[PDB]
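Okay, here we've got a single chain as structure tokens, the form deposited without the ligand, with questions on binding and movement later.
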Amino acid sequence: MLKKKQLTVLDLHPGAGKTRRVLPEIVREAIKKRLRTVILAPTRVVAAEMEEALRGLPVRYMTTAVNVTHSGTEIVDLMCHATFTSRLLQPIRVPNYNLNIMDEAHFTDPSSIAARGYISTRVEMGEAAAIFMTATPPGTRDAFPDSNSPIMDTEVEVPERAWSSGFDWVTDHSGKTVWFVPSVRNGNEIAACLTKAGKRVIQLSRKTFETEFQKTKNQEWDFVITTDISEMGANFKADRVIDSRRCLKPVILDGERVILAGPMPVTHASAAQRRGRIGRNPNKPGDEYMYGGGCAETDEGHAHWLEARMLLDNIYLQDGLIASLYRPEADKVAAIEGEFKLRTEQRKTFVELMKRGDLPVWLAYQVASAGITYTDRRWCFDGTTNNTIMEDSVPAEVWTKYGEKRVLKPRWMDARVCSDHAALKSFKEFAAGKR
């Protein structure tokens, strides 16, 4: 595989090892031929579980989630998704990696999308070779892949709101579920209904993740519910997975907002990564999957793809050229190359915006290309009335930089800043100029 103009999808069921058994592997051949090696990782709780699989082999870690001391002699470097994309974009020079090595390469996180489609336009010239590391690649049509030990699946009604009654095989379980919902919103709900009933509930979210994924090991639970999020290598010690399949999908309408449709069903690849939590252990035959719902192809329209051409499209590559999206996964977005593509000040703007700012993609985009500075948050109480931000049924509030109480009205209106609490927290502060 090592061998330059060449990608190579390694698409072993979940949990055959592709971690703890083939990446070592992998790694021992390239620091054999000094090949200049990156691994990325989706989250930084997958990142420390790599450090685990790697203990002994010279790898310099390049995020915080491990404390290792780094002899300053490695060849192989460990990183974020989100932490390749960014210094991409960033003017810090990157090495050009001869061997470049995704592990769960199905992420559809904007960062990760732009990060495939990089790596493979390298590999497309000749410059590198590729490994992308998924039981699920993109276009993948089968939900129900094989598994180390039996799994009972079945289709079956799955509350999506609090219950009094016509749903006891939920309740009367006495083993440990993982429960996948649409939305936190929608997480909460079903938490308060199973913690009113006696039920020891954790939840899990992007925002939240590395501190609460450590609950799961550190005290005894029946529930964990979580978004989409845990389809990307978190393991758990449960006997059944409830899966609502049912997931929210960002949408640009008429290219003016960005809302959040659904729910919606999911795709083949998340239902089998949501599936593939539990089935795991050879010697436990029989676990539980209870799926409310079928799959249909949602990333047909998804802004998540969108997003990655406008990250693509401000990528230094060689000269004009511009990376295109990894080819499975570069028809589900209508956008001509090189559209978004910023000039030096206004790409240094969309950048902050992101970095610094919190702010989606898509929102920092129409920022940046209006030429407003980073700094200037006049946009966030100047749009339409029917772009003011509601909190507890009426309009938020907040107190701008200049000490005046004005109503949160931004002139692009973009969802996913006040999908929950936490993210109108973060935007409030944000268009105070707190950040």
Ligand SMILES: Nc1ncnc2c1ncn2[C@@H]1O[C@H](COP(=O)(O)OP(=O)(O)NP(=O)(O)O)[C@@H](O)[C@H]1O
Second form
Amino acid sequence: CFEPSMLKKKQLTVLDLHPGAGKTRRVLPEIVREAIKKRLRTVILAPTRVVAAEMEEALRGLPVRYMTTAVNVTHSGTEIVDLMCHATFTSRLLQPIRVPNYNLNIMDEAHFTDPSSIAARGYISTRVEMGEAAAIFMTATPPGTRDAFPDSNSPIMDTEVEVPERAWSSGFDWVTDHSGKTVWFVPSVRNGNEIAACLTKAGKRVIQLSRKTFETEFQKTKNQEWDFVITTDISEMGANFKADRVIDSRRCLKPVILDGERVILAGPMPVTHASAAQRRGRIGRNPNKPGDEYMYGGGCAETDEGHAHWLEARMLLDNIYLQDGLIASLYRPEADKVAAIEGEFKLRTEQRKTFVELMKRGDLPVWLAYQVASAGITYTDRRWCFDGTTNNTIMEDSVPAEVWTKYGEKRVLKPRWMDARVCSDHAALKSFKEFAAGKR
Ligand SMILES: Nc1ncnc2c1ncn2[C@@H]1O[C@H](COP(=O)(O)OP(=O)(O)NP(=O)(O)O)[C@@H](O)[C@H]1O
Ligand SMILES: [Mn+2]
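Can you swap the form deposited without the ligand for the form solved in complex with the ligand?
Entire complex below, previous chain first.
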């Protein structure tokens, strides 16, 4: 549980109650009330805008400044408690914007493996180690967890079973014979597309979720009748469903940097124990409803090792001012996950601005944004999208993708640096084509 002693400077506490135990809805407001009593300048970090909106409900009445348009409230001026998304925190730290030296740093769903969340944990844990601050990381699955089957509010039926990853017609009757509501974790948007299409043809009502569609589509899980939610790993971060079954492929894609020169999406390959526990954790949450089902289609492995997100986190952290020339280290339990030289990605003022703009407005992956900024290219200079090797040709429906450049010339998309995440699904490619065309 929480104790006021956890609010003392130099304290970092991992509140690791099992999934559903009440960390976000019960323990968080307790902490916040105590922080306010103690006049502690406090930041609450929500993984997503959806979760931020839910927190406003659990925190209602309390004087919290919601630094998100996801929440519709008139703020007073009392507020010494701020709430923002993980990514917003890290983004503000990278920009010349002033962010308070928060006395207390509360990160909910602190297992989130997005680069900006990893970087935020590194920054926060370094501030605490410096003796400057306290921190509470709230997650059922702290870094390095080896338990894929933690406690739950009610008993879960765990079953190892072959899970389809492609359209099927026979041999998987248990999937469609089910009468309730299923959350199905897939390794990618495209894989989810195929499974969704198959289910829809079988007469099921399907909602699909991924990182860029999560806000709009998640509301459909409330506003619309559904049989299946097909989701990527984004739903591991405190997403609440009224479901009675989870189907878990136990698979994910792993961005991997090859030879420091390109990023591939490796796999699909096993999820971590933490990811598996969070996926399973979507059900068994109602103590009055035993027998929720968890079907899983493979084992776990430590696939965060060598995963690009921890290298990308270093790129972010190398560019956040801490004190003089010091550079914050990653949070200790996840600091092995990357082989990097601390400070090696530090950029000077102008290149850092370019780096930030390429990630924000550019919506480029961190790794790719870094290659461009560190090469001395300015944000609006898109010549690099076209002057790569033939091997870097991006394909769309089996034919090289083409755009009209801002000069009006039709050119094949051949980026100088290839990051597979810019074309891993239709939406990603659409966005990158707009970028290469100078439209953003
Ligand atoms: N909208 C809701 N209204 C009432 N009860 C709810 C609601 N949503 C969830 N609950 C219940 O409240 C409990 C506390 O939820 P929550 O505080 O999110 O747990 P948690 O420990 O943070 N879960 P996790 O992030 O998966 O480790 C859940 O286990 C549900 O049983
Ligand atoms: Mn939670």
